[PDB]
Amino acid sequence: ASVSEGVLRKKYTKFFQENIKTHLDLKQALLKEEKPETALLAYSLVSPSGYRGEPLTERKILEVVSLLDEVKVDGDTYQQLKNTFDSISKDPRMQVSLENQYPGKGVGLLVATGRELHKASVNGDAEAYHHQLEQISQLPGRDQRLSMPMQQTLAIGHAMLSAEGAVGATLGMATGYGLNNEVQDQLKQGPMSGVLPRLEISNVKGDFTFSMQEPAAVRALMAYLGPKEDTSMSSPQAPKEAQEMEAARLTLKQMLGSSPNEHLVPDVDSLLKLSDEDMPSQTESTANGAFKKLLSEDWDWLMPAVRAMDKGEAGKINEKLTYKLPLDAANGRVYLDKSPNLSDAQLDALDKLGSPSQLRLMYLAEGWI
Amino acid sequence: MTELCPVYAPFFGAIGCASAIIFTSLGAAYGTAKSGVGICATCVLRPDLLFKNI
Numbered sequence: 050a051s052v053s054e055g056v057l058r059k060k061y062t063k064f065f066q067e068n069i070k071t072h073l074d075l076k077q078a079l080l081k082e083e084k085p086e087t088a089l090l091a092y093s094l095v096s097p098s099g100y101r102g103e104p105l106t107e108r109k110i111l112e113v114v115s116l117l118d119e120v121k122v123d124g125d126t127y128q129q130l131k132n133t134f135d136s137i138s139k140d141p142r143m144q145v146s147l148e149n150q151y152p153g154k185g186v187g188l189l190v191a192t193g194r195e196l197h198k199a200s201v202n203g204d205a206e207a208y209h210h211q212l213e214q215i216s217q218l219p220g221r222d223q224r225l226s227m228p229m230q231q232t233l234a235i236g237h238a239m240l241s242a243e244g245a246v247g248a249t250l251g252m253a254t255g300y301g302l303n304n305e306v307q308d309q310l311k312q313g314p315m316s317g318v319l320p321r322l323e324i325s326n327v328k329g330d331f332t333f334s335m336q337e338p339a340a341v342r343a344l345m346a347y348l349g350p351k352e353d354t355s356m357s358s359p360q361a362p363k364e365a366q367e368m369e370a371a372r373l374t375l376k377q378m379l380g381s382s383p384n385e386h387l388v389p390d391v392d393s394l395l396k397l398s399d400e401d402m403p404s405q406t407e408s409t410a411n412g413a414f415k416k417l418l419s420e421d422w423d424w425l426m427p428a429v430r431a432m433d434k435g436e437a438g439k440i441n442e443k444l445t446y447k448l449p450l451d452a453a454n455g456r457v458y459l460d461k462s463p464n465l466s467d468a469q470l471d472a473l474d475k476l477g478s479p480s481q482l483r484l485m486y487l488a489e490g491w492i
Numbered sequence: 001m002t003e004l005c006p007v008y009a010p011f012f013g014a015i016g017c018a019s020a021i022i023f024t025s026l027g028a029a030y031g032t033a034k035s036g037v038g039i040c041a042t043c044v045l046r047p048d049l050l051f052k053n054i
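Residue numbers (the deposited numbering), protein chains in the order written: chain Q, 50 to 154, 185 to 255, 300 to 492; chain N, 1 to 54.
Worth flagging that the hints you see were computed from the coordinates, not collected in a lab.
Computed Cβ-Cβ distance ranges for the label pairs, DEER-style: (1) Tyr30(N) to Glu442(Q): 39 to 49 Å; (2) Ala50(Q) to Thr42(N): 52 to 62 Å; (3) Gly36(N) to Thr445(Q): 27 to 37 Å; (4) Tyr30(N) to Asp451(Q): 16 to 26 Å; (5) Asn441(Q) to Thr42(N): 26 to 36 Å; (6) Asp204(Q) to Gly36(N): 35 to 45 Å; (7) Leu196(Q) to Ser25(N): 38 to 48 Å.
A few chain N positions that, by computed beta-carbon distances, are all more than 12 Å from chain Q: (8) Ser25; (9) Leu49; (10) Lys52.
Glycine is no exception: its CB is placed at the ideal position from the N, C-alpha and C atoms.
Based on the provided sequences and hints, a complete structural model is requested.
Quick look at the structure:
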């Protein structure tokens, strides 16, 4: 109802037939019709980074992200995303989020193997947590333009880190490469992520440009959309620079599904505790322990529990999820059942959350709650 | 040593002392295993007959 991609490289193959290797003199070749003002909008994805600081300026995936930037039918939903990005790119608060995920821009064989079997299992769980999360935003009431490609990027990024865990554990066990490029070529097959705008950054440290199909720029965008608004920056008392970067911030936080009351501060650190005043308020702390139970009790229970909660029917969770599996016993097949044993205390806490925001479920899939 | 008491003489005593506990342990293990499978198949329906069937 909100997203429909394709993989037809033969419908518009004239843009990829000749050896076009120049960012300049490509807008005339990208017109190709009697439409001019809307063919420049698909060129706006690569145009601020089309000259400054890039190698060879036309990599073979930079055209398919610009060809399949389908603005031909609809020119409203992508323009709203383009009016919001580069309006979000003004405060240092987005920029300090784009510096935490980055740098500056014998018995010892049993230990080093276990450090990389832990890496292959954490990233194998977290990749599965985004596959059952791209079918929660398939349910009615959600949206798919911002929710789908944001978490399709992360599921590709966890599939590569999980592959590097046990390829490294194999080459260390069989000793005490070309396999990482074979799996990198394999995960680009099949579908591909929807096009989001470019998120250029210009400041006193230079003029930077990130990609938003990188798993580290996605991971810093959702950390920006976390915290609630304050008493400042949205009142008309301060018309200075705030209302064009705060209403652009809240129109993405609502676009996931998070109301401006919802706080959602991250957790990962090297410290013991986080703080005192930004703590979850024991109604969602009881509820976050119920969602973690649904992630780690079955591979298929998070989607029909959110579906049962959008209808306001979050008290029938113990009965709508029960199903029966067989068991060979000493008396025969018995057909016992598996139910999520949600207690009444955390079944009540799922009621006071009206619907889980998509931003809350994506912090949960990254281990930030 | 002696013709009545040769040197290979404790071999038969050690083999007998081993074989006693070996074959009685095999018999006890078969009895325990078969009867325990019978108890665990029975006492799903009658758990009150569990300590009677031991």
